[PDB]
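Let's start with one chain on its own, the form deposited in one PDB entry, as structure tokens.
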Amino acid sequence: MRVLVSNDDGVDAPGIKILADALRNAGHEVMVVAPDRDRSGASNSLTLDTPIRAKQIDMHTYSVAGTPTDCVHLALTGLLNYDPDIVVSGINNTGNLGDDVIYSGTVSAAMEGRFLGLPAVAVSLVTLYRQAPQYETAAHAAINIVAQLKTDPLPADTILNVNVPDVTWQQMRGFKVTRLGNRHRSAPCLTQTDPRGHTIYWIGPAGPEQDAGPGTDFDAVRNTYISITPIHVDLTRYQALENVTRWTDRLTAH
């Protein structure tokens, strides 16, 4: 199938190169439209106030001086004579798990892909802070997910957030559908003093009160499972609408 591949680590990131190579090996057409530089931990929103510069790097590769969402958006709205069936974003050089996902650049690209009407998959390698990162494994996971989606499509308002354990494929215990975890809640605040004497604050390490037990994406990748979290792209809480609608009439009554 026609795959549009982006990332947020940059168009020259080893992750996206290996992902694209893998996807072509599987028989897929792969256009790559990805940031000129690493924009991990940068804002993810579509650039609207300035024009975006996009140079071509090869016949299948574009380097966009903009966000990952800019990339996919440009890629799907005129930058290419290319109608991809799917958007694959990755492979991220770090995992994107739990409440980090909402602000993940890698995920943002996939979200834009779904915003513009395409099945999208975010792929992140859960590299541990410790040797070379097993991008081949995530790429392996990717080409397998893409294949299954060709014959079995995702629901509407849904992308797949995929996290792959930084191990060989043989060492992978398998695929595991998960919900998003939560490490923010537990993470306390640490008051310390920098060398210049200023008071600084560390977001503390996530305590035991973390939502990282069974069923979470954390728990999966921790136990060497490829985590597949189907996530919203529409943030609207429809379940709370009629309840807020009834709440708002009470609000406006007063």
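Here the rigid core means the biggest group of C-alpha atoms that line up within 1.5 Å when the two forms are laid on top of each other. Only residues modelled in both forms are compared. Positions refer to the first chain, counted from 1. First, how it differs from the form deposited in another entry.
- In this overlay on the rigid core, residue 154 has a C-alpha that sits 2 Å or more away from its partner position between these two forms.
- Core-aligned CA deviation for residue 31 between these two forms: less than 2 Å.
- Residue ranges 152-157, 186-203, 241-254 are the runs of 3 or more whose C-alphas all shift by 2 angstroms or more between these two forms once the rigid core is superposed.
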Second form
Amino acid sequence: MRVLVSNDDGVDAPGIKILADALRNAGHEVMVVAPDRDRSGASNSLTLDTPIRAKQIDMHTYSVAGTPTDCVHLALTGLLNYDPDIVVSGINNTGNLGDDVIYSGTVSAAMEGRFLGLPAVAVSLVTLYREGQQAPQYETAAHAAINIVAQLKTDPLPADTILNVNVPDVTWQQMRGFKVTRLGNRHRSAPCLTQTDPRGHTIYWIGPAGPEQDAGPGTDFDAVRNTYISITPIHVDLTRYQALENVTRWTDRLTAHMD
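Can you give me the structure for the form deposited in another entry, which would complement the form deposited in one PDB entry we have just seen?
Just the single chain follows, nothing else.
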């Protein structure tokens, strides 16, 4: 089939190159449109007050001076002569779990995919802090992504949600299987710490997570801790339909009161 690929770490990052290469080896057509540098720490909104620049790198690749949402939007509304079947965003160099999901740049590019009418997937590798060096297993995450893509064709899912995927950092021979999960939480517990800096000013640190967190059986945290790949289905429309009838009766009692 025909695929469109983006990310939030930049067009020159090791994980986006390994992903696109594997997809082509498997027999697919692939075009890449991604940011000119790393965008972590930047806001995810569409750019409306100023114009945007882009340049061709090779016959299949373009570099854009804007957000991950800017990259997917321009690709689908006039930048390319191309009609894709699906959007895939990643492979990210750290995990995207629990309370981190609503503000993730990797997730924002997949969202713009569905808004414009196509199915979409985000993929992330769960790396762990060390001292020296140990090279990350991007090859392991790519093998999972090509099998997910082929299957979405032979047995299609409805088109009103996005899939968020997280992969343990090991060789494939160690993996135990797949599991379907819900979002956990881990920073409701973080109780601030008071200190003094080298020039005499009072400063504050957000605390580390305690044991009273929500990361048990059924959650995304618990699956990856036990060496399984995690898949969570998420909303694309923030409207809460199941609450409309009740809020209307509430608003009626409000207006009768004041006037």
